[PDB]
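**Q** If you want the building blocks of each chain, they are given just below.
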Amino acid sequence: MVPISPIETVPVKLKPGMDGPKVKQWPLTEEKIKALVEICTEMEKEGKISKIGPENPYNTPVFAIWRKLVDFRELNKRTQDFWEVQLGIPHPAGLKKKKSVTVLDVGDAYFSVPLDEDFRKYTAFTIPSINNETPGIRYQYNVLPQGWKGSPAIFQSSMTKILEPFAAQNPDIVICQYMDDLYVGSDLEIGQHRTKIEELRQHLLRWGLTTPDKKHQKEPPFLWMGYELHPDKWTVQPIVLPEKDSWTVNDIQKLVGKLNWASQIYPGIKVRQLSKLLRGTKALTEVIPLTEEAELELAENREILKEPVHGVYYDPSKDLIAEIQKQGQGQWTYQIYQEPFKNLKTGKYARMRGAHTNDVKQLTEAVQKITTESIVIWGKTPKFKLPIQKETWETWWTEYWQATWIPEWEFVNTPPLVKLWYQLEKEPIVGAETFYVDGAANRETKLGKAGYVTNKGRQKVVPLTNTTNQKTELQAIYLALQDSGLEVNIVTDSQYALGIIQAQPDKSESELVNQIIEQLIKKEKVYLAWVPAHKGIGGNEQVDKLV
Amino acid sequence: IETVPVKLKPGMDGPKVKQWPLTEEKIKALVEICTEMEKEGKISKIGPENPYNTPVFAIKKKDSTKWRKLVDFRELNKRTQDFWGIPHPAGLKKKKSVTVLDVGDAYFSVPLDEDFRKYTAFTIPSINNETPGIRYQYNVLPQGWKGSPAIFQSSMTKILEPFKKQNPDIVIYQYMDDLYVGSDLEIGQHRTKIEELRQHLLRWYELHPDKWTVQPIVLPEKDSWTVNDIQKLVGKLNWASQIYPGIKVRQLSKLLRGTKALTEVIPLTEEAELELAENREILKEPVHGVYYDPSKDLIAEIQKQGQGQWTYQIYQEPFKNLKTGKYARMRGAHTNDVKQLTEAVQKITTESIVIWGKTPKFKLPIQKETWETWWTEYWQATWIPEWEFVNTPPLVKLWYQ
Ligand SMILES: COC(=O)Cc1cc(Oc2ccccc2OCCn2ccc(=O)[nH]c2=O)c(C)c2cc(C#N)ccc12
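So the sequences go chain by chain: A and B.
Mapped onto the entry's author numbering, the consecutive letters of the first sequence carry residue numbers -1 to 63, 71 to 552.
Mapped onto the entry's author numbering, the consecutive letters of the second sequence carry residue numbers 5 to 88, 93 to 212, 232 to 428.
Bound-form chain A, shown alone:
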């Protein structure tokens, strides 16, 4: 017998202060008991488990469905935390094309890696006796049990330690681990590739690991985690938008799942309205009628999902490009590619939850998201194609009160373009009328007034019902913008209004702010000056709006 190399055990403990599981065994039928006795007999004959005496005080329930199913939920609750290395699956767009790719599934994955002997006593389980007229048969696991908390992590680390020297002495191949399957890829000739696959099967056999003796039953295309992997391209598994007479909540969440999933390769997928119908519902069976915006959006989705689209693999020798397009209502879409019309992947970005916003901020956020995703997938920041003029970005970041930055990018003239809709003046305007505005409201009756007085003797006071102080300050500025020429100075004491306008929004929740924006867009020059209230500053008439 050729000496099998031992696999180093991973020292495992329980959570601090906790003890092993002690759960009462369930009564089983005589048929199930016989089945479990046969299965456990064979497993003991193989070495996966071993019989134990009555000294072991721990127990974990067992079932038969025949196949044995040990319910380790209690031991999982009581087992220490492990370093789970599977967090975020590899994205197909990050893979690099290989001439040959082979799949090797390892038989008896967990049942070939030994378990820490000082921990085996916590895996104890008992098989009930026929009519329970004898003590049940007590067993404990000698290898990683399927369903235990630490089986995937320990299996992955052991497989990594085994595959380390082979990967070191074979730099011309790439190996990838995923559950009980290994994916090897290389650009060598098919003969050299199959040869090195044989060498890998041998190197794994030196540790007692069995690979498919037959030809590997998995051949391209590979169906993996909703993906289709082909020798030269990748895509998502078929996305079918169903025809429904009425759409319920679960149908709409299925639809937004298929659309969110399909959006990573199908460009232009929009999900704003269909997900907007789910706002504050929290009812899985509630039927929600579809708005016309959602029906037209669904028609555009069916038009995009008409025929299959594929993505290419990553070529590290070519530059990485990401182009962004604005879609409206806070929706953005992007393609990441290296050659024109041949996308690596696609995606979308929806604006965050905010009361005020503008397009430049949203474009910046989208660029940051794409940057992080690209560093994840490809390990580098792509060059950007953005629908915004260089001069627009320069004016924005040079005049913005916050720090902001975009990585290397170039302008692409693909409408709609992102632009600055208004710019406030830095110094007061000579020859322009000066509007001193103010607004006030009563906290009880919700009655208020908003108005202005100007240097030319122009005045206005408007009464308002169902209003607040902030609303009357915004309304006062709005009136000043309504009744002034193309150039105007405005003096206010509202720190709230100045805080809104200095954030430079082009779209808001409050229709009042949106009207202020529409007025600013029409002006030539607007200078907004702030003064403290109640300081006896003439012109700023707080008593004119408190009557």
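Derived from the structure by calculation, the hints contain no laboratory data.
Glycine included, every Cβ here is placed at the ideal spot set by N, Cα and C.
Please note: incorrect hints may appear among the correct ones.
What the hints assert, rightly or not - In silico EDC-like links for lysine to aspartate or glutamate, alpha-carbon gap of 16 Å or less: (1) B:287 - A:413; (2) A:431 - B:256; (3) A:374 - B:399; (4) A:323 - A:300; (5) B:20 - A:89; (6) A:530 - A:438; (7) A:11 - B:177; (8) B:287 - A:438; (9) A:385 - B:28; (10) A:101 - B:138; (11) B:366 - A:413; (12) B:390 - B:324; (13) B:281 - A:89; (14) B:395 - A:432.
To be verified - Just a few of them, taken from the derived set where beta-carbon distance is under 7 Å, the chain A residues facing chain B: (15) 88; (16) 95; (17) 157; (18) 159; (19) 409; (20) 471; (21) 473; (22) 490; (23) 494.
Since chain A is already given, all that's left is putting chain B with the ligand on it; use the hints.
**A** Just chain B with the ligand now, kept in the frame of chain A:
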């Protein structure tokens, strides 16, 4: 050569912080560095039984193309037991010049407590999560951990004993991996003395706090005032009245009586000139009742002024500034706001380390996603302070300008 027992605070587990994505060049640099360190016993590979993790990335310090390994030990530092203390040298900020030295290598010759090593675990990530991440844990004192200068304090005292006995006029301070050496010599004599101390440390950053002062509130001196000029003056004075008690603005607001155009020139009455002069005299004095409390956090606010100019204030209570400043240095960051902000944060943190011996909590005028996407690209210090993000434009921006 003998390990000192180190534990965590009662009731606190080890740090379990997610490792953020790194570029390919940084991953390669960390692989090379960590391989070299593993060959030297400074770190060792760990198995999946270690659930703890601390972020790690790579930088390139000043005047060097070699990559350096930086570990974000912030969580481990706040979860590590308090080590005890040496009173802060109040004369370090008074000295004419100070030079910062990196003494991190000296930490790697002292072994780390055996049972504490599992808490220093870090992970070199992989691109696209293809292969598992390379996990390491430290066997010696790691750079960036607060326990490394606390444990090495005795050895550092023994090494620096001859030099401190040789020059009683040279002040020596230590914070994390940095050694601050202050004196009053000439720049050439200071550089030769620094080479003397660095070879003295071998066989075993010009910074001038004297050219730094606290900044007063200044008012304009004009011959003709417009309505806008007086309105801004009254706004700034009303703001300063929160700091200085005797500020009075009624005689200047008396000039704004009537709705006048913003560009109209207004002459100052005698009462207004007297009021403005009294306000100047009040502003010339320091702030009433401003003290430092070592039990409280330091807060640093930064305002972007444009044209590469930045203003900052370090305080503990609102309107009680312990330090104010204006960083306007231009060093290869003319077209990048984030790089400017990051160098500003590093400089302010260094000043705070010199003055009080600890780092402040920053309030950054930047969106969380932008800063968290780009700040590691321009970081060159061995420590990392805490920060939060201000999303509403502060009105007091121009009152510090
Ligand atoms: C962690 O591994 C991954 O997630 C990537 C991963 C890589 C992989 O294959 C590879 C193995 C080693 C290096 C590159 C690989 O893909 C390059 C791109 N590709 C892909 C398919 C093809 O024919 N031809 C190609 O040139 C396979 C075959 C996978 C198969 C399944 C399945 N079922 C799941 C993931 C897989």
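**Q** Work down the list of hints and note, for each, if the structure agrees.
**A** Taking the hints in turn, this is what the structure says about them:
no., hint, result
1, B:287 - A:413, "violated, 48 Å"
2, A:431 - B:256, "holds, 13 Å"
3, A:374 - B:399, "holds, 11 Å"
4, A:323 - A:300, "violated, 40 Å"
5, B:20 - A:89, "holds, 12 Å"
6, A:530 - A:438, "holds, 11 Å"
7, A:11 - B:177, "violated, 56 Å"
8, B:287 - A:438, "holds, 9 Å"
9, A:385 - B:28, "holds, 7 Å"
10, A:101 - B:138, "holds, 11 Å"
11, B:366 - A:413, "holds, 14 Å"
12, B:390 - B:324, "holds, 13 Å"
13, B:281 - A:89, "violated, 71 Å"
14, B:395 - A:432, "violated, 31 Å"
15, 88, "holds, 5 Å"
16, 95, "holds, 5 Å"
17, 157, "violated, 9 Å"
18, 159, "holds, 6 Å"
19, 409, "holds, 6 Å"
20, 471, "violated, 27 Å"
21, 473, "violated, 19 Å"
22, 490, "violated, 14 Å"
23, 494, "holds, 5 Å"
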